[PDB]
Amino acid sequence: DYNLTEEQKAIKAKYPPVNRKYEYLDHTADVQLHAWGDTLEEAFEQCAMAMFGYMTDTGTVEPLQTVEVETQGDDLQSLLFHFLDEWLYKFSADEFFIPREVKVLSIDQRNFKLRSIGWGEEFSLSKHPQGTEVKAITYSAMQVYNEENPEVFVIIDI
């Protein structure tokens, strides 16, 4: 939860809220993200939105521009890692993109390939509430469950 300007509240009211299927467990130097959904694809996209949700109130981001992230791994855990790593790099460099919403179109469970898409705009300290900088994705405790109730767990450094 953040404190919003009047302008930020107005943008949040103009766009549909994103359903939140994630939660945080805070520690001194890192945070565990837990995300879930009806599909593994939904658990992945919720994990990405949980990550960006730690940096700002993504409800205040306008869905002006579209950005695609495609990636591969050697298993589902490393696929998740590189998926989050690539989205974090879209934010931290180049176009400094912050997604309001992320969608995972497909995960190839055989080859560990993924296609995803996000809608958003350039991050800006004046338009977007300041949250906490995500310094890195860590790989020490990736967890992926891909049975009846898909869910993922990841630790990010702050």
Given for the second form:
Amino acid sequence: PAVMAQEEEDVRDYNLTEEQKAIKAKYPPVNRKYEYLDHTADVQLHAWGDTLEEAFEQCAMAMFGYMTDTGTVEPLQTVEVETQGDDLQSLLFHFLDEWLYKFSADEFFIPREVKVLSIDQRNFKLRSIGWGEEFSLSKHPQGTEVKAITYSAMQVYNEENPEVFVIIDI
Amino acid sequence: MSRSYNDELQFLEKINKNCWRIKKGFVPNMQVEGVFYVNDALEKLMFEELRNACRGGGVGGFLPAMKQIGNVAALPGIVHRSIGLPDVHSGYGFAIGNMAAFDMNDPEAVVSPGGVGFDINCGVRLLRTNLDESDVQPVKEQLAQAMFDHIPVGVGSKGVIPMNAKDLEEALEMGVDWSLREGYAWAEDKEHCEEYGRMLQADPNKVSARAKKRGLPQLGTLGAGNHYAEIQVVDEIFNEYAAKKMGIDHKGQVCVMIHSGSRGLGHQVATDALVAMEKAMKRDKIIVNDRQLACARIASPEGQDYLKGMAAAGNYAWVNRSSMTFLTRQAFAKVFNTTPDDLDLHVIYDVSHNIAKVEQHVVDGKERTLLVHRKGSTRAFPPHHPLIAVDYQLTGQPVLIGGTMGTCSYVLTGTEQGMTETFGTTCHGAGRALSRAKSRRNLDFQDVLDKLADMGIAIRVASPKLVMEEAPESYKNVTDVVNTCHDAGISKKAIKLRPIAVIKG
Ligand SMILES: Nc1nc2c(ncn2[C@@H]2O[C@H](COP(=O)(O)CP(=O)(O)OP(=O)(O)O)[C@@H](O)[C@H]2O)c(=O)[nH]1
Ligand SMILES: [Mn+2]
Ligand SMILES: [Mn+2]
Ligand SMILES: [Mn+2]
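Moving from the form deposited without the partner chain, what structure would you give for the form solved in complex with the partner chain?
Okay, now the whole complex, with that chain kicking things off.
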């Protein structure tokens, strides 16, 4: 029951259609443990969880939640993302970047949910999966395009209530 | 950020009415001082950011622009000063509105991709027409809709003109030359484009496969964020000679300002180089105060590979803005049942603000070859400079300054004092006063849409209930920015324009 959010809640409103609203009512809401914090030029993702794995997966879901209303995405396909870094910060960087790439090329995949299956903290390696479908302007509302992940003010806290702070370029 | 605010001010000194000094010690290892140009109204915003960006003694927060200016002043090989321009505000490595120049004959000089930015060669193109406000007012909504229908905007949009991998490979090498060969640009466009719309050292082999896969579907798209295509009306002419060379005849003339960059191809090029440099900063023994400032010696293989891919991403951005120009011309031709040539829809200028350039400058009486980083700031070369298009040799180089969709925009020209104090660098816009997160909370989308309507400005945006994130109050007063540059002598005002229709992604 620890209150990790630093700001009062503020859901972004994507202008759902009746059909988009109906696709969301059809599925179990995804638990949200993230928020969009202040940064003069872009945005700071703040995500948390009970494990480092959950803090990571919520950060990815935060990133996708800035592009569209992920509640309107149907779990029609599953995609895998494995990556590595030299430390927790670069692992987090490459993890978010690999997921961003899944959305920006090839199959243009948008996850309704992301789950980190493992973080190997000795090699700084990660296994994750996401379920969703191909992003479509006829199906999904337009939020903001994410250009890139940055290291600006990146913070990874790996203690009892893990949380991360990431600035992304928008 | 563990110092008290008053302890931070111990490193800050006002130099003159419009300039502050950041003394060494503000952050570790500063090689030169930092400066930022602000008048009284912009000074308050800048110091509030210093106080509030990392207010708490706990976790979270971000780095204020002043700290970033100092971090950049610690980069090896920097000369003169790390310079914040009047629109400066916190970015992600360099500050937004931050210039730094490095001596290419210093073997320790570095190039920082993460400081040039992910939107490589993002820039502004201004077009003119022979239409007047009175010709557009009757069909303002129709024209706003025609722009929106022709120009793909927002996340997930794809280019309407078909492109294959080979076309992209040529566009990366040729820049606007490709658009000309294929019939999407006029010869006059290239003549009034910075660099003539092509950086010759571009090497498509230095652009990764991932960058090419991201870029292909997005070539010919506006993007999202603060990118825009705005129909404007000339409101004031400060320099009749400058206006004449630019084709601006009278107040009331209709122009179009387009702002976009190198899209996913450029974002990826920057990411790839950023990754390659973390892997390489051990060899050359490079220390930085901020991981996002990862860099390499200019002469290293990583540095050269980045510069060549950066140039290719620059060529992509010029191709993208030409596509926006072509589509804008199609929209005007349809609404006014006249060919684009019969509407005099020519390019006044195209200038970029996220790029590193090799330039000749004088440092302490000696002429030097510098690698000039401009993150969110513009080249503004002076009158009689040889590297300016012929039409602007006597006026000085045009600079295109977007304000907001609900205030105004300006055109400026470069000055000799600017060439001397800032290496020919001026502002690129108003800059932000409120984050998007703070705008989402403190402002209502309908209030913003009504205010625009009460001003007679037509609008078409991809996400209408997020438009408060682009509200005019979210940005600095652009007139304070331009007046500070003007009074400082680094830029000279030329034109003032007012928005009447805007499409945003
Ligand atoms: N004429 C207009 N200017 C605008 C508008 N919206 C924003 N801006 C101005 O444009 C200026 C330039 O903004 P930036 O290039 O820094 C935003 P951008 O997404 O392009 O940054 P990158 O991530 O580097 O691509 C900004 O400070 C604002 O003052 C607009 O709707 N119309
Ligand atoms: Mn940005
Ligand atoms: Mn841009
Ligand atoms: Mn820009």
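So that the term is clear: the rigid core is the largest set of C-alpha atoms that superpose within 1.5 Å between two forms. Only residues modelled in both forms are compared. Positions refer to the first chain, counted from 1.
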property: Only residue that shifts (Cα, 2 Å or more, rigid core superposed) between the two forms, among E122, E68, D26, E133; result: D26
property: Shift in Å of the C-alpha at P150 between the two forms after core superposition; result: 0.2
property: Runs in sequence order between the two forms, three or more residues long, with CA shifts of 2 Å or more on the rigid core; result: 26 to 29
